[PDB]
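Before any questions on binding or motion, here is one chain by itself as structure tokens, the form solved without this ligand.
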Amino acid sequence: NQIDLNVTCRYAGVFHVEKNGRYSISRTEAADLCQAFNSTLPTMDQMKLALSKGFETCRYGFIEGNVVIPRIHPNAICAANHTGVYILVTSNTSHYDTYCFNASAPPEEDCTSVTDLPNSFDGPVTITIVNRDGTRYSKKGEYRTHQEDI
């Protein structure tokens, strides 16, 4: 009973989380996951500011209201070569990564490691935060509040 949460640097408080390194988060789970980081799903405005500070990924993830990919550099295999906050229009499926927004983060780029999942609740899952530099923090707990996500 183990979950890896791979987390990025924060940019104006916005970061990306993937569960087990593959698209596997529903919209309800995404909200719960951000809540566990004392964070919320970003607004479009929040994501645009993060982009302006250097944030880009090659992953679809939830924000409030849409699924998006922030792009700075055009790449043919990431958001069909678009730049800016690319909005997913047409998809059959419901599971993506998520973005999260932590208002208490620094205003620009913060690439220090994440060492806590401060708002996880009691539970039986070994949850491991994995930073890009390999630094890990584990705890026993849970964050999913919807049964359909478990």
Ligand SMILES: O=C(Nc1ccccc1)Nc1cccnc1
Contents of the next structure:
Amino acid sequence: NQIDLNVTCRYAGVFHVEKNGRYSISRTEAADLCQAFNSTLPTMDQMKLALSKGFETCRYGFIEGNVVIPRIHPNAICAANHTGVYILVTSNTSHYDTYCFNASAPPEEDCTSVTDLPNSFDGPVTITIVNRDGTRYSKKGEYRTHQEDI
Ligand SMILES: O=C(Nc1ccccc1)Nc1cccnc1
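Next, give the form deposited with this ligand bound, keeping in mind that what was shown is the form solved without this ligand.
And the full complex, kicking off with our chain again.
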């Protein structure tokens, strides 16, 4: 009973979380997942500020109200070569990665690793935070509050 959560640098408190190496998070799960990091789904304004500080990914993820990809450098296989906060408009499907926003993180680029999951609750899952540099932090718990996400 294991969940891997790959996380990134934080940029103005915003970071990306990919679960189990696949698009696999629902909007309800995303809010619960960010809550386990004492975080919330970013607002568009928070995401735009993070982008301005150097944040980009090549993965769709929830923010508050939309599913987006922050892009700095045009890449044909990331958000159709767009720059800025690219907003997904048309999709059949409901599961993506998520972004999260931690107000207590540093104001600009924070590329230190994540070494805790401070607000997970008691539960049976081995949850492993996987940093981009491969460093890991694991703890037994749960973060999902909606049965349909389990
Ligand atoms: O904030 C964190 N831990 C913590 C919380 C309160 C007091 C002391 C430590 N971890 C974290 C979360 C989201 C992104 N990066 C790091």
